Amino acid sequence: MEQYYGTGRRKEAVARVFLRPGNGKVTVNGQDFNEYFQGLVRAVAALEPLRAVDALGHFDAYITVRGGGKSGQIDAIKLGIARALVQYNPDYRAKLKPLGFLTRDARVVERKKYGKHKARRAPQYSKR
Amino acid sequence: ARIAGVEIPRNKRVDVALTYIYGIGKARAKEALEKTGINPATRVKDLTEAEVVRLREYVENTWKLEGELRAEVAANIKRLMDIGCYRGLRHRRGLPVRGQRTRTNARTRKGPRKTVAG
Amino acid sequence: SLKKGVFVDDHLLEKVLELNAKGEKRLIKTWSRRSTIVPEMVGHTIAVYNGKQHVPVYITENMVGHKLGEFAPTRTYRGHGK
Amino acid sequence: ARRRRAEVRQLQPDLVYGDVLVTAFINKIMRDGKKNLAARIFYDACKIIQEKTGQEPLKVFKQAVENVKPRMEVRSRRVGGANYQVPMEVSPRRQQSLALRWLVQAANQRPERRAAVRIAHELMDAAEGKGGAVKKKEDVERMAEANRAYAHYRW
Amino acid sequence: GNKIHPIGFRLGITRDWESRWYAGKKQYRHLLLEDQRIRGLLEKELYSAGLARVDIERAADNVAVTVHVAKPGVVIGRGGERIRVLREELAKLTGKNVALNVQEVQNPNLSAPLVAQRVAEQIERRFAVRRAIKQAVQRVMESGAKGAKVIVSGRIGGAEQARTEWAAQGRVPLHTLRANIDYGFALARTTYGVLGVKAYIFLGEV
Amino acid sequence: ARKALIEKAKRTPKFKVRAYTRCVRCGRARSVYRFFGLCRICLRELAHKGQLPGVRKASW
Amino acid sequence: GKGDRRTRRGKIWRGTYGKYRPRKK
Amino acid sequence: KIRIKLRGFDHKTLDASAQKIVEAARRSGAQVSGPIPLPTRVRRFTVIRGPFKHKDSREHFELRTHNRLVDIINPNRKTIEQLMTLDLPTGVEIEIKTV
Amino acid sequence: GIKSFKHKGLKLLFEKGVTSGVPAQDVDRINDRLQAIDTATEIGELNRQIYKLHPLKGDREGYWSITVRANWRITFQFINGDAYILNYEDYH
RNA sequence: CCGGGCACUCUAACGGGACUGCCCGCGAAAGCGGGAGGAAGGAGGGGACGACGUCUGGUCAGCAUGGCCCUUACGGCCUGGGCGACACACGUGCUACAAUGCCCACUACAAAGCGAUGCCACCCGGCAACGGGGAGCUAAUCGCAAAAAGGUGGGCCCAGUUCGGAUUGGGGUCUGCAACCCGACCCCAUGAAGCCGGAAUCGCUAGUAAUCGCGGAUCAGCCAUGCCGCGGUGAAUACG
RNA sequence: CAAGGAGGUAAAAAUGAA
Ligand SMILES: [Mg+2]
Ligand SMILES: [Mg+2]
Ligand SMILES: [Mg+2]
Ligand SMILES: [Mg+2]
Ligand SMILES: [Mg+2]
Ligand SMILES: [Mg+2]
Ligand SMILES: [Mg+2]
Ligand SMILES: [Mg+2]
Ligand SMILES: [Mg+2]
Ligand SMILES: [Mg+2]
Ligand SMILES: [Zn+2]
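Chains as they are written, first to last, in the entry's author numbering: chain QI, 1 to 128; chain QM, 2 to 119; chain QS, 4 to 85; chain QG, 2 to 156; chain QC, 2 to 207; chain QN, 2 to 61; chain QU, 2 to 26; chain QJ, 3 to 101; chain QY, 1 to 92.
Rather than coming from a laboratory, the hints here were simulated on the basis of the structure. Don't take every hint at face value.
Stated by the list, open to error - Listed next, the in silico DSBU-like pairs over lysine-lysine satisfying Cα-Cα at most 35 Å (straight line):
#1 QI:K113 x QJ:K57
#2 QN:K50 x QC:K93
#3 QG:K60 x QG:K36
#4 QN:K58 x QC:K199
#5 QG:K136 x QG:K36
#6 QM:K79 x QM:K27
#7 QJ:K57 x QU:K12
#8 QJ:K57 x QN:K50
#9 QJ:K14 x QI:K11
#10 QY:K6 x QY:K16
#11 QI:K95 x QG:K63
#12 QG:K29 x QG:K63
#13 QC:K147 x QN:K50
#14 QM:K36 x QU:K26
#15 QG:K137 x QG:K70
#16 QJ:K14 x QJ:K3
#17 QJ:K57 x QI:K11
#18 QJ:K55 x QI:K118
#19 QU:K20 x QG:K36
#20 QY:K6 x QM:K111
#21 QU:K12 x QG:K29
#22 QN:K4 x QC:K27
#23 QN:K58 x QC:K135
Could you put together the complete structure from these sequences and hints?
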């Protein structure tokens, strides 16, 4: 029906966020924003930028997600939701900065380095 | 109920209670009660005496178990008595049968450490 | 553990079968456990190599899947100080 | 040699509550990095608080932490091959950390069967001033009490 | 010590390859062995030329081979031999397009392989090594170089005691990537053993 | 046993399982990559030489 | 029971499949 | 209809030689789908840095094999004429098939 | 009497006469030493000037060391008329 | 999945992007602290890069090479044995002692790589390993793979116990000329020690430790619980 | 504000290689 940007990424996760101006606070992809994310406590934190603004269900969510696991996807959705409402509302910048909902968060899994057992964990020794 | 040579397991699921017999384990367990046609999740507490009879009659027959098959197993090792093979000597010396590492480990057949020192 | 093969040495069997018609002498060697116990010629002795010498092993039924060299230990051990 | 004073790590606020404290507690619950199971247990126990008492877990948990706060603790210091134990004050950061740590530990010390009921009960006991963690807190303050002699070494 | 090969350290940016062909599996192994046997066969009966490089290129039975030499004196005009069957003897285990070219390395005093090889000859001539090192460096530095460094290690002047003679003028930054640093090496065979000569030649970049 | 041993490695008859890899540049029997037909030692040498087409240092 | 050959978990760890871990569907 | 593939170890030679064929096909009467960047097949291997026996601290190498695709529409012998045997690679392997 | 070896080359030279485990020019040298350590009824007999005998210190305590040639030493434990753990080691 | 379109995602090639440049303060300067500035900052987070030299360090068994030695042999071929021996001692590890746990069923969410002298979809037999077929794939096309921890449901109820899997009997399968010494799996039955570790001792400061599975090299097969990589969920604390 | 001269000083921790 409609379109509003959408590019949220966090630790190898890609989420395209749209939102369509309608009172139906809806979902996307598999099932519900619930259902697909049930049993997961921190899953509902992706909708916090909407709480930061005046959106108590004014948009119809549409986020296709891929890559990583749920938590990264959820994190990426947060970046995409914010990337939408900051796009078609350029004055909604003065809340995405103090609250910091706009950052790709470069925190990604560090490489296995040789010698070490895994990333940084040293292989443990005895002199004797 | 004195099923085979044992009777012990009371209030604890017949599919589990069965396990408490040398010869039953876990696979023969549910296999025996599906072939006898009895609910696995039952109390074991002396339920329907008929189910118990059928169970006993099937289980105790069919395949060898308890003290009888312990005797057969011990006799299969006694096979390599006579002038037996290499595998027999491993049962003789008390060392691991399957040719594994004995430089360390192998404590489950050797037993606890003895320590020589020198 | 073979099933459709279940093999014995051809050369062990050649020597074993052509010396099986109406009787023989127990003088028969080999160099391979590789084979199998072989029914017939049960009342026989097969000098199996253990890496050092030829040990006369004797067949008296009882044995089958155990080829030969299981009846020919290669090590000695014997004791560890005690 | 700590050239940097190591800035205080800040957390994410939880769901439904907004705590700047509860998440720190959920983290201590967390083992092997499973925040799902960790958070669930706490919120589970929060539901358990509602049953045995008609109190909102946001205060029951809050007061429990406040009751398991070490005013002063014992610190081993200088001269004599580190022979002394100066009783020192406890920083608000450290009272914070000890409270939550002792809570979870004492909680798993309990003979109960489910992790949630251990958390819930240990919190209710601690809110009253009865918990095994409160024992630990009061114990650490005994040690700090008995060392007032060379407390003047201070620092 | 322990330092990485200044050639391999570049390879990508600065200093390109020496055998430039593409293949997938089932072919790479065979074509690399042939390629190396070309380098092996050439080095033998072409040392008197003193070859700085042996570039090789391929394109399905095309095998181009470029031999860089200070003085291509051993080529001698078309049918004057020293090329005919010589570039044709390659295809006795190849049979492919043995396209053998010859390059003229202008200044041998700026070619690291040639420098080290001249030094390694002098070791076998029983020359005074320390003086030989000094001269070769200045000789390289005399021909416009931005920096040079020669290294002979082990068994210097015979005598039971492995040594390491060291000399270097100007600038030689090995750590920098935009370096254009030529590296050469040579085995000096002596009646008392074997010693290795390293030669570093540096020019600007950016 | 080294010269007559790099003979067998190319000879390869008599049972298919008796055949084995072997570095060509050297005579190494261990750590022999099927891709190059070289041992890990030789492979490193030539990779620094530049005589290995496409082969380049790995940094990431 | 990562080392028990009679679990979907031990069969994972071992890699192989079987009766206690079928090759899907 | 004509599909051409260009594999290569050097990306700079590929990104240039497979761009020549975009110019030599466009200026001969055809529509050309530009340099399609197929993903790379990186072939790494890790070797112990020393000839001795120093297991910790080694050094690894990689052999990146690049793939690039280009499609031209009508197989007219006007565009065919140029891309027939006017090949300028350095060993770059080229595949030409129509389906 | 020599009763146990730690060095295989040493072991082979004294037992089978296999000389391929030691230096070729030290064959006669090592031999006369081993026979001396074999005939020795006490450590006092292994005291000829050309052996430079001495017991080792530290973790090698209980061991002895006669000199073959240069930086090379034959080390062993002498006890009750017998030497044990005959090794062929380095001065550094 | 088609028509069509390629703006999103992605793919891979060149670029832009902070240089504490800008504000307040400190200072002689360098610089330090603080603040809007943006994805990012006062070397952004990781790699590759290891000075003169030290250890008579390491490697003549990768290779090269001075010297010493062996040559009907210290060389060459073969079958077999051995490197896998076991009263013991030490290193690095794997799997655990359980209920923030175990079993069964259902149901999701990855990345990095490997394959047509192979990966092998889908059917058929089989409790299963696997065998019979047999389509596609010179591979962002087909296949290896369903990621697992997670979620939902249900069952055990704290007990050497549905924890734990060692050891042992039996029955099978696959590679291989052949698996007794000495192969990996599958299935039935056994189910040991261990209820959390003495003196001591190790690792890690942010996607980090922990925990979870996934690929590759070698490789007929495999003794890999190893090594080199990949991503999933994701702490604690630093006064000094 | 810028210090001269004044005085209480570590612990329990020994050895050395060929
Ligand atoms: Mg990880
Ligand atoms: Mg290691
Ligand atoms: Mg640098
Ligand atoms: Mg030395
Ligand atoms: Mg040699
Ligand atoms: Mg070994
Ligand atoms: Mg016990
Ligand atoms: Mg218990
Ligand atoms: Mg650090
Ligand atoms: Mg003394
Ligand atoms: Zn080699």
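What are the numbers of the hints that this structure violates, sorted from low to high? Violated hints: none at all, because every hint is consistent with the structure.
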